[PDB]
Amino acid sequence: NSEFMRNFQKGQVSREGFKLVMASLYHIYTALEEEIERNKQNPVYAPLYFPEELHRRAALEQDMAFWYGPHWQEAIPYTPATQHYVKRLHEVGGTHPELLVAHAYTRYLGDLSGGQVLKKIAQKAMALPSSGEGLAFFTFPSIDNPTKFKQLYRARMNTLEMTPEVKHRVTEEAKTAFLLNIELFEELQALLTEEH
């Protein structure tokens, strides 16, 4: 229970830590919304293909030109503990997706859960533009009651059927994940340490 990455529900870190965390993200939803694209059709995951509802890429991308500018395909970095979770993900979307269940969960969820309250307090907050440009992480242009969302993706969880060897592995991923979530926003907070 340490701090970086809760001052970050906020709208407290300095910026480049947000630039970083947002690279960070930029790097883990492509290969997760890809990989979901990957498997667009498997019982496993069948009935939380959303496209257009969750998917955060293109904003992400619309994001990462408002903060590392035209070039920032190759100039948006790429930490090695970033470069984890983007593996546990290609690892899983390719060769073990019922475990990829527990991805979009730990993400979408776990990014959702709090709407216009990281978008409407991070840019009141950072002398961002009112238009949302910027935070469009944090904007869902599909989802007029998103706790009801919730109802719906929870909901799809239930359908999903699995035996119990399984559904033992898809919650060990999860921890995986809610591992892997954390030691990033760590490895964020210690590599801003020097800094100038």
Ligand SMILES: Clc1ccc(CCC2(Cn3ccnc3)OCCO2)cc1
The other form holds:
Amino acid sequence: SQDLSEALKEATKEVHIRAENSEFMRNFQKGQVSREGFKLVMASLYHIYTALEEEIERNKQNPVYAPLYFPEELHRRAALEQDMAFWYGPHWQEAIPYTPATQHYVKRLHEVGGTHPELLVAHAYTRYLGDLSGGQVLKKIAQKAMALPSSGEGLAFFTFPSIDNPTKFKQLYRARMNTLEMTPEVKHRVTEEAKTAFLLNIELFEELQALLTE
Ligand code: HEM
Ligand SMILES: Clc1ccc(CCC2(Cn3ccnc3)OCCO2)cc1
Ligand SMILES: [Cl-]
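Instead of the form deposited without this ligand shown above, give the structure for the form deposited with this ligand bound, please.
Below is the whole assembly, all chains and molecules, this chain first.
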């Protein structure tokens, strides 16, 4: 049939266009982004990734994910912790927010990681394949807007020190992604979960936009 890496690209091209042009994003690309909303986004990602990576570890030995286990090159938890200490200070752990939409996302992550590990790959895709495609353009909007150092403090999340060429790594990852055992049943559910992952995102951005509009 059709390769998984391309079945997912197709299955999410529509919803990607709705997320890329959601209100919050539309605002971010306008350079209009306060420290307040940015910290909000970063804190939320910290929870999302802490959940995703905690589940990837639980299933790293599992053949439904194993081929994609790249902690040293992809994982964001460590980088996000550095960003949390930078934005929220030393005791950020007891100061960061945990909004409802974020909880919904984390809840789903644990469900998949605990009971539908074969779908776990739909979330690594949505999250990591995305981070290797445009954390370059938005990175620059951020630095400009808030006056952040080229050195990287406060933007650890956006850097990949162990990956030289993200485009090339992304290609490798796609190929590896296509070596996983796939059956109609699984290929169907996996792409379906990727659309859900996008919606959880779109929902999260609508919720943050709401909060910021005091
Ligand atoms: C600030 C709004 C966004 C912009 C401007 C943006 C832009 C892009 C661009 C330019 C690409 C690469 C295009 C290509 O394939 O040649 C891309 C890929 C991707 N984006 Fe976004 N994106 C945005 C938001 C999102 C969101 C909210 C998600 C979901 C967390 C997301 C998930 C992805 C994924 C999964 C890919 C890789 C698809 C693939 O190549 O198979 N993006 N994005
Ligand atoms: Cl404000 C904000 C919101 C979301 C992120 C996260 C990662 C990311 C990764 N990504 C970039 C292009 N396509 C996906 O998702 C959307 C924009 O960047 C950073 C900053
Ligand atoms: Cl939608």
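The term rigid core refers to the most C-alpha atoms you can superpose between the two forms while keeping them within 1.5 Å. Positions refer to the first chain, counted from 1.
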Open item on the list: Out of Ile76, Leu99, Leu118, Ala81, I need the residue that shifts by 2 angstroms or more at the Cα between these two forms, core superposed.
Closed with: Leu118
